[PDB]
Every structure is written in structure tokens, then in C-alpha cells.
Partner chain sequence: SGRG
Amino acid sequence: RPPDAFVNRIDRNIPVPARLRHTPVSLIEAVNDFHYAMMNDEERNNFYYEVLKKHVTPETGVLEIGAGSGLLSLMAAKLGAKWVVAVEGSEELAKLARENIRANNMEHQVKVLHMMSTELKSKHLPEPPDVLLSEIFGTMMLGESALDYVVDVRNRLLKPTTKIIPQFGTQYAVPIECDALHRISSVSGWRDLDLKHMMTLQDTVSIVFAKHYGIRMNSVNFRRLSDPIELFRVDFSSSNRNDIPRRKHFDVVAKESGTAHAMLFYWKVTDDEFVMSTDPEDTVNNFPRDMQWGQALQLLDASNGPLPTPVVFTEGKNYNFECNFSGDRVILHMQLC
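Can I see the structure of just this one chain, in the form solved without its partner chain?
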């Protein structure tokens, strides 16, 4: 029995069925928090199937990294791949993947290795793969270090003809006015009681996922105040970290007048004609995508005074932003200059 069995931290007066009792809590949390939603993102599933269908033949060797519960590897097998190797760092997720493979009678076709992709070596595979497959995107595109993990494998285990799926990713930002967001991230007072001192603590640094506010952008009123800002784009078959500057500057032309409460972040991943987007405009009828990825937000302070200063846009004016990145390019920040 695992040290972290689900039943352990449940009150003894509360019933727990057998199927849950001796399963590690981390697995139950991961599957319930993320995996059902991912598996119900029908557009994500169709995207990967269609891109794979262009490349998988009975002579195709397929490697998936960050395989999780293994759905995309099942797809490669479904399309008739010569062999599939799925790599998953979580021991329990790896076992779960093996169960799904067993359930679909694909044990002869799909093998799961419990290890990080960084530990993977040529000897662990029958031959260099014809296809490298992954879905390791975050709410921020590079949020789960997708570029770093793909680059590491790309440097070591592939061959010149290997197709990397998906090929392209672009990270966007757009300044938005959003009164609902403003009302859970600021305060001025209550009647004659002054609460402005609370604003000293306003976090205009962190990137926060909409989920963490409890908010779904598609279910609140917000206004984009400019055309999208392309923060950076990568080609996963060729880009490296140094293709993204540690600091960039953007000239943002206001198309609307309003208060830029926040920068809204979303992304778009493509391969040939197929597209997987977290732009709210593309997710209005994709509730599972909005729950699993959603969008990210950073509150904006116009200056660096003792209190934050609202970023106010007037239609037709130019606004300069400085975007700073962490060394792994996973974390960024937008500041009005």
C-alpha cells in the first residue's frame, strides 16, 4: 500500500470506494484536475490526430515525450505506426498510460518508459524516431518548458528526416480593459472609509492564470485596446533560447480608449494548415480548453510610485512596453515605458 494512498487523508467517517482507496493522492489530483479536461478538448485531440495522420505510416517510428495518460500515443498507434515509445516522468501517470494501452489492445505497439525526456537515450528506442510528438504546453506557451525539452531531444535522439509535431508556436499579449477583473484586483474605499493603502500591495509583477482568479475571460466583459502583440515565435524544429531576446520593446498603438487593467496572454500553435489556439475568440465554444489552459493575466502599473498608476490608453496614441524574460524564457513581464 502506497504511503500516499488516497484513503489516508480522508476522514474515517467518510466513505471511500475501493477504486480510489489505495491510489496515490497525487495521481487522483492530477487526473481530476487536468486529464479529463484535456481528454474532452475535442479540438486539441483533432489537431493532433490530423497532423499525425499526415506523417504516420506503417514504417513510422514515433516518440512521444511528456506522454501523461498516453492519448496521443494511442492516436499514433491507431494510425498504424511501426512502433511508439511514450515517455512520462510521473511513475503513476506512466502506469496509467500502460492501462489505457492495454484497454485498447496496443501493448505490441506502444511502450511507456518512466523517466524524464532528459534521461532518455538512443538505446531506449528501437531506432531514431521518424516523428517526435509532444503536448507539453502551459497556460503560458512555454510555461512547462516545451522548447527546452524539445531542444534537448532534438539535439540528441533524432535524425535529419524526423518530423517534429507540432512545428510552430507563437506567444501573444494584448492590453485589456476588464471591469470584473478590476473589481477583484483593486479597491479605493467603502463610503467614507479610505482603503487606498491596500493598493500598495497590488501585484503588477506576477503572471497569473485566469483559473487562479476564478475567472473565465469568455464569461466576462473585456475590451482589447490594441492589435495583438506578438511577443515571440518559435519553430520547434530549429529554434533555441537565444532566438528569444532577454529584453524586447514593443510599440503598441491604441485602437481604443480605456484603462489597460492588464495584459492578457494567449498563444497559437500550428503545423501546416492546422491550428491550436488559446485566444478566447477561438475558445468560446471550448469550455474544456478554457479550463485546462485558459489564458494568463498580468496587472499593469504605469509607473513605479508608492501606489500603482493606471495605464490609460487614448485611441490613436503610441504606448511603449518593455518585455523582460527569465533565462529559460518561461517567465516574462510587460512594463509601460
Contents of the next structure:
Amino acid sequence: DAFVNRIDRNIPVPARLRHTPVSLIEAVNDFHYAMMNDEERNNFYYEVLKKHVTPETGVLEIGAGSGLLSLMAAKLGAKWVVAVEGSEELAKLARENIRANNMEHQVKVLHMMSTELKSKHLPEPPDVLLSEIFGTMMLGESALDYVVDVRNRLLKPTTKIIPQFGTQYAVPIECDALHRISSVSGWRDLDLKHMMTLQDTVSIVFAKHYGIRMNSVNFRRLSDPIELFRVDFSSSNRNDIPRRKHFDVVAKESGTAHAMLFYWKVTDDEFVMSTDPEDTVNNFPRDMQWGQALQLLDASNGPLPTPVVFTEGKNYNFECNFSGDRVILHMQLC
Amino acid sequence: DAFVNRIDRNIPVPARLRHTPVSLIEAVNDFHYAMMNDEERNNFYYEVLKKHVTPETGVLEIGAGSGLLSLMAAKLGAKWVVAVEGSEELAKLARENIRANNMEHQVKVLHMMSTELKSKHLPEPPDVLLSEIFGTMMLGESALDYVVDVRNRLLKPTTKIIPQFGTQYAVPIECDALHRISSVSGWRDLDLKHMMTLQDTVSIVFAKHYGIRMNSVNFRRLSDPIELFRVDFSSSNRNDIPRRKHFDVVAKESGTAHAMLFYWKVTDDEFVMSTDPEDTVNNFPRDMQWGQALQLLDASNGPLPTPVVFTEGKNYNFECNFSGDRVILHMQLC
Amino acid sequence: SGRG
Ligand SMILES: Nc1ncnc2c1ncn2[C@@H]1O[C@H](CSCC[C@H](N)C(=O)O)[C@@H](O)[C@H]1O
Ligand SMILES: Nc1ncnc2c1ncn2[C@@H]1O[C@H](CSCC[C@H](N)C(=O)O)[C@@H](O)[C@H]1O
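Cool, the form solved without its partner chain is there; where's the form deposited with its partner chain bound?
Below: every chain and molecule of the assembly, starting with the one above.
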């Protein structure tokens, strides 16, 4: 779906853009730059890889993008590095970056999805599997499913999977700024409350999509964090996460729970990659590429949504329902 | 196309949302709430209407939405108000709000596009035509087009059109925050420059889509504002705006023009509705519903984008190309 | 708007 065919004819389009897929341009310009400029994400990968990469170790990377993580493994002295990348253009660009860094003899980039990758494409099973395909929801880009496919077919029992652990969290919040742009009551004496019939209390929406950064606005956490699930990328699979779980939450503050905020932490040994707003205060790129997810809360199913109200010390039961692929979930007060 | 049809079976959807089209839910949840809580925008319409509405005046509104502006006209004592709303479900909701405010005798809502509105649908030609269908780009939702059509067919020579004037502005800006998420150099000694090939220096992108509020980040304006065009809604036509215009811009500061920032001003009598960041520092909801638009600036058409660099006192020539309907435009340094 |  060429970019130039999606643009009015009176508007100039430079040659470098004309024939590239519009969806690729959109994705790259929304988060790839932010992602590449997340210095702490880059440092996380470098430090974990530094512990495992020796001149004898082969490295397989799922989802090369710019080739940065592949370049890191080679920089660290890896025997060989194979990176796979589903986008034809990104694969070209990753090879250009590789040559620009003089690592052409060390890193091969294959244009294909990791599901199409077969043992004949690698010299031997890799000593290290490397990926960064986490979404705003941790499993939002099907990270576990892709790692699982590769794990079943191409690895060996001694392969190191980076990163090793991930945990997804939820916490109910009061947030006046969010409330202000997701609800209405009226203007002066004019009642407009029937617009509330359409309030979307089902979807998971990324904070970026609201045009809001959580670190930048005032919000109150109304309970301790709720651990929705935990994954070990070397042994878990998506069906280990139950389709429906229940959580009993004790209110530590009084207030209105406007939304559930979702964030996650990924770890390997002592190193941590977190999207908790409290950890990203001075990481603007991370907030722009991952940020956090939100779900507006409705207390019942009346013709109008009902505010979820917390009183400190009371218990509140939430039912968590997952989609079939575990990419989407929903939290409902019971 | 119903909401429930796009959602995983395991996720509960309240009855109020089930059948409503996913496009309606998305638009309402993204912009409508912020819009209705734009208190200055509401005040603007009330104060302008207050100058023209008498017990004798008939009022037609294009784009009823929640019904707010039609309710205002009724509150000021209009003889009759007809509003047209193209969304079927929104039309129903407006009627609900109209009933909740006991104004069923004064306001009627018709479900249809204004282009299908005919004189037989009105008591008589209105003394006042009212609309708020401005986008982030002033003409981004075809405001001039819809008003002109109604102006050709349904009004009378003494009909007051609200609002009367609009002016679209552009100003080159340096913004490090924007630069950090729209460009890449590399990480440490790893060069990633070739990802720059896909930098989207063509599209008009809303600040909100970048996850940024212009008010909340440091940016420098590098010249005086550039007036792209002005409109009088009672006499202007689409073709008043040339398909192409040239602007000679004088650098008032030295710096890198990372982007062109676009904002507008709509006026009627002494009253003003502006999207200039300076004017919306204390209006979060406006910044979320309208905000500003941005276009990243490329100097030439080589394999990689070239920075536009301003030297103070020097002048720079831009070619502005508009789309056929004037909804889209593009600023290119010559 | 970020990732997923
Ligand atoms: N299963 C898969 N197989 C091959 N490529 C994949 C994939 N899943 C996602 N991708 C691609 O991998 C990239 C993930 S984002 C790029 C991350 C990369 N490690 C970096 O730091 O630059 C995207 O460009 C996407 O197109
Ligand atoms: N030409 C047209 N004819 C009928 N409805 C239109 C229209 N153009 C836009 N709309 C509708 O008008 C609404 C504009 S949003 C403005 C809502 C309302 N005037 C208020 O001030 O709150 C949208 O709901 C959209 O569905």
C-alpha cells in the first residue's frame, strides 16, 4: 500500500518515501524513533547480553527492526548473529546499518517472520535468543507466542532466552485529567449526561492515545498493585494464563476509581525494564514508545455507566477476562 | 460493525454499547468529551449567540452532536431551533438531552447530513446559522464546504452566520522533545542513521498523536506567525484559497526548524476561539480535542532528510501546496 | 500510539 498512492497529487513526496508501505511509515514514525532513543532499554539489553555473549556463542534475534540489538551482540564478540525481520523495507535498512557499522561479516538479516524460520537458516541452534517485541501491554505484540514457536523448534536446552521474566500489573486510579476528557455531566444548567451512554469502559486504550502522559498529570493509586500474571519466557506459554481470573483488592485510599492503569516489569537477573510511571519520570522516549494502558471502569451494566467508588479498607472484587490470544483483557467489578 | 462484533467472546460488553458502530464509540471517546468540557469554547458560543438570539429568531445548527449549542440557543429564548446530525445514534442522544432539559418544544433534531437538508424541513429560513465543525486544522472537517452548501440553499439575506471569521496560521519551531521522538542518530558507537530514510516529513500529524502537548514542552518560534489563509464564512468559497501559495519567511531567531506548527483563530465580534498554545496553557480539554498540528521539515529530497536550519535575519521561501478540498496542506522549503 |  504505497505511501505516494495515499497522498493527494498536489502534495510533493520525496523519493525515499514514495514506494514504502504507508503502515510501515506510520509505525516507524509513531514509536520506532522513541524506542531507539530509550537509552535505558538499550542499556538493559547490552548489560544482559554482556553476561552471556562470548566469541563461541551464536545469537538469534527475533524482530531486527533497525538491527540495533543485533549490532550489540556482534559488538560483544558473538560467533554469529542471525536476525529475522518481517518487514521487507526494515530488513533492507537493517542491512544498511550493519554495513555502516562494518559488521557485515558478523550479522545476517533474513526477511521473513520468525514462524517461517527453519533450522536450515542457522548454522546450528543458537546459544542465545534475543527479542524486544513487548507492547504497551506486555504480551500485546504476541511476544510469548513467537518466542514459544522458536523455542519449540530451533533452540537447545542450554539456550539463554533474553529477557527471561515478565510480569503484568494493574492498579485502580483516580485521575481528574483523564476523567475530564472521558466523561461529561453538563455546562452550567444544561444537562448532557446522556452522552455517557457511549463511554467506552471495555477497551484497553494506551495513555498516548488519550494524548496524556501519566507521569505528567496528577493521579492517585487507590490500592496496592495487582499482579495479573507472570511469565517465564523459557517455560511458559499463553495457555498458562487462565482465560478468567478473580482478584480481591483492598482499598488503601478513598476515592473514585476512574480507570485501571496497566504497566509491566521485565527482568533478567538483576536488571529491570519497567513501564511503571514512577520509573519512567525521566524517560520521555519510553513513555512515548511503551507508555501505559488504561481501561475506564463501570460499576454495573445500567443504561448509564456507574462510577466505581472506593472506601479505604473495603475489599473490592474484580473479574479479569482475557481474549483467546491473551493480548487483550478486561477488568470488571463484581 | 457493531461494537460487540469486534470484541473477543470472553469480554463482557454492556448493552448500551453492544449495537453502536465502533466508529461512533471511537470518535466520541477520543474527542467529544474533551470538546464538551472545553469551557471556553462553550462560553464563546453562548456569548456570541447572546448578541443575536431574540424571541423572534429561528436558528439552524449544523452538527448537533450532544445538542449543547442548540440547547444554548433555546436557553437564550429562540423561537425555534433545528439541528441536523449525520450520526443516527448521536441524533437519538441529542434528543434525549433535549428532553432532559425540557426543551422538546423548542429544539428539533433531524438525522441527516446538512447536504440533504432542504427548506421543507424548516419552519422558515433561519435568522441564525450555527456550527462548530472545526478540526485541528481549521478546515480539516470541511467546515467551509458544509456552510457554503447551506449558505447557497437555505438561508436568507439577513441570516447571521456564527462564527463569522477564521484564520489558519503556521510557524516554524525548534523543539528538542519532538526531535527526540522523530529522529535517530544512534546509540553509543552504533550508527542507526539509515532509519532516517523513513522520516515522515510529508504528513500533517496532530501533536496529540505524537503523545505530546505543545504547552508542556519547550519549543522556540523561529519567525513571526505565517497567515496561510483567512475566511469569512458568509462570503468565502473554497476556491478563494489557491492550490499553491508562496511564503517568504524571515528568521527572527537562529535555530533548527524541526517542524512547522499549525494553529488557528476563529472570531465573531469581540470574541475569540484560538488554538495557539499560548492561549491554551490553561485549557487542557481544548488541547486534547483540537490541539495543534505539526509537519516535520525536510530541506531537500536526498536519500536522507536534511535539516532546515534558520540563520537569524535571513529569509526562507516556502511552497504551500493544498489538497483539492483544502483539507490537507504541505509546507516545503524551496 | 505506542505498541500492540
Ligand atoms: N515474529 C516476528 N518475526 C520477524 N519480525 C518481527 C516479528 N515480530 C515483530 N517483528 C518486527 O520486529 C520489530 C520489533 S520493534 C524493533 C526492535 C529491535 N530489537 C530494535 O531494538 O530496534 C518490528 O520492526 C517488527 O516489524
Ligand atoms: N455536514 C454535517 N451534517 C450533519 N452533521 C454533521 C455534519 N458535519 C459534522 N456533523 C456531525 O456534527 C458533530 C460535530 S461535533 C460538534 C457537536 C456540537 N455542535 C457541540 O458543540 O457540542 C459530529 O457529531 C458529526 O457527526
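Definition used throughout: the rigid core is the maximal C-alpha set that superposes within 1.5 Å between two forms. Residue numbers count along the first chain shown, from 1. Residues that one form lacks are left out of the comparison.
Rigid-body motion between the two forms puts a hinge in the chain; from the set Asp282, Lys255, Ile184, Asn40, that hinge position is held by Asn40.
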